[PDB]
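A lone chain, given as C-alpha cells: the form deposited in one PDB entry.
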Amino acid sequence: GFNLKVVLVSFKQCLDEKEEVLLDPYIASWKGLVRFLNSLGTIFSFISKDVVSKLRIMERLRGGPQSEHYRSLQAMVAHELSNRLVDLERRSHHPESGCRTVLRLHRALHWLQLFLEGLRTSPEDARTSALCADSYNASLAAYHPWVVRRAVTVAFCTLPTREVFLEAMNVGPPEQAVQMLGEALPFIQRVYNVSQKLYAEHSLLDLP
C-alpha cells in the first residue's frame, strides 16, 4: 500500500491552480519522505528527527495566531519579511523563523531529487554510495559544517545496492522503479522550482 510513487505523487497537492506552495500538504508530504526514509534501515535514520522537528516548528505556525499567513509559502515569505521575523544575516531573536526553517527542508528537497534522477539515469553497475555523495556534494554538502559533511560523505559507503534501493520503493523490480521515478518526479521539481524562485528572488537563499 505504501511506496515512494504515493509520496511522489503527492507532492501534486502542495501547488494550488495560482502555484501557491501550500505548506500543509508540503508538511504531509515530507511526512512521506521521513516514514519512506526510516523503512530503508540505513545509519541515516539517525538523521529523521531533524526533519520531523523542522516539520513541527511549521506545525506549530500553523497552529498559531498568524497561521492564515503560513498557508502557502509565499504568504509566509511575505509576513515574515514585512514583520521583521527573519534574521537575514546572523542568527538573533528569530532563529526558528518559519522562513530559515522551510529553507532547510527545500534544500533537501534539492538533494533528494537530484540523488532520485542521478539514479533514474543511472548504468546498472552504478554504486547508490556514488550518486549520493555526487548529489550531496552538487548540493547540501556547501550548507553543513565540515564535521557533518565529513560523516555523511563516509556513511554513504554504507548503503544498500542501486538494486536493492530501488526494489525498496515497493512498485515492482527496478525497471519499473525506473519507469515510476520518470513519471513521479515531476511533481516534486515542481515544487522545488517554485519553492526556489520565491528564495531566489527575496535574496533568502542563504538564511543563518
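Residue numbers count along the first chain shown, from 1. Here, rigid core means the biggest group of C-alpha atoms that superpose within 1.5 Å across both forms. Compared with the form deposited in another entry:
The only C-alpha among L40, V148, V52, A28 that moves by 2 Å or more between the two forms, given a superposition on the rigid core, is that of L40.
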Second form
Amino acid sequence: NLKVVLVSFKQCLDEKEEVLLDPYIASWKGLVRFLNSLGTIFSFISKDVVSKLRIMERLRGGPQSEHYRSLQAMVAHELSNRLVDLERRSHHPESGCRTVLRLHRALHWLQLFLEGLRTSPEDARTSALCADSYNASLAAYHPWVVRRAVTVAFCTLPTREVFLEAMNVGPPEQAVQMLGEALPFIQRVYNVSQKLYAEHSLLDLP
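Given the form deposited in one PDB entry, state the structure of the form deposited in another entry.
Excluded here are partners and other molecules; the one chain stands alone.
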C-alpha cells in the first residue's frame, strides 16, 4: 500500500521534534519498495537510495548507534568528532550528515511531485509532472548525464489518471485526498530537517 508508506513519515517525529532515524529509514525502505515495483527502468534510482540507506543502517547499528538515534544527535556527534567533510570529500566521503542530505533533498522533490499530482488537470502526463518538479528541485544538484537518465526514465511513466488509479485507493479524487493526508507529515519531517541542516550551515555538503 502506497498510503501506508507515505503516512508512515508520521512516525519520524516525537514530542521534542527530533527526527528519529529508525522510522526515517523505515519510510525510505517503503519508497524503495515502490521504486522496485515500477520496474528495471528505475533501478539506478533504487540502487542509489539503497546505497545510502545501507550507510545509515551501518552507522545506526554499529558501536556509535546511540549518536544516530536522531538527525539532531547525528549532527552534534559528527560535528563534535570531526567526521564531516565540509568543502570537499576526503577522509569522510560517507558521513551520515552528507548521506542524509541527499535523501533530504529528494524528500523536497517528493513533496513537489505529490502536490503536482494533487493539483494537476485530469488529462496530465505523469512524465511532465515529474519533469517539472525535478527541474524545479533535484536537477540543480545533478550533472547533465544524470539529468538525462532521469528524464529518460520519467518519459516511460503513464498518464496521471493511470498513475493515481494504480495506487489502489479509489477514484483519482480519492487518491488526491489520500495524498493530501500524507503530505503534511512529509512536509513537517522535511521542514524540521531543513532547519537543522541550515542552522549548522550543512546545506551544501559535498
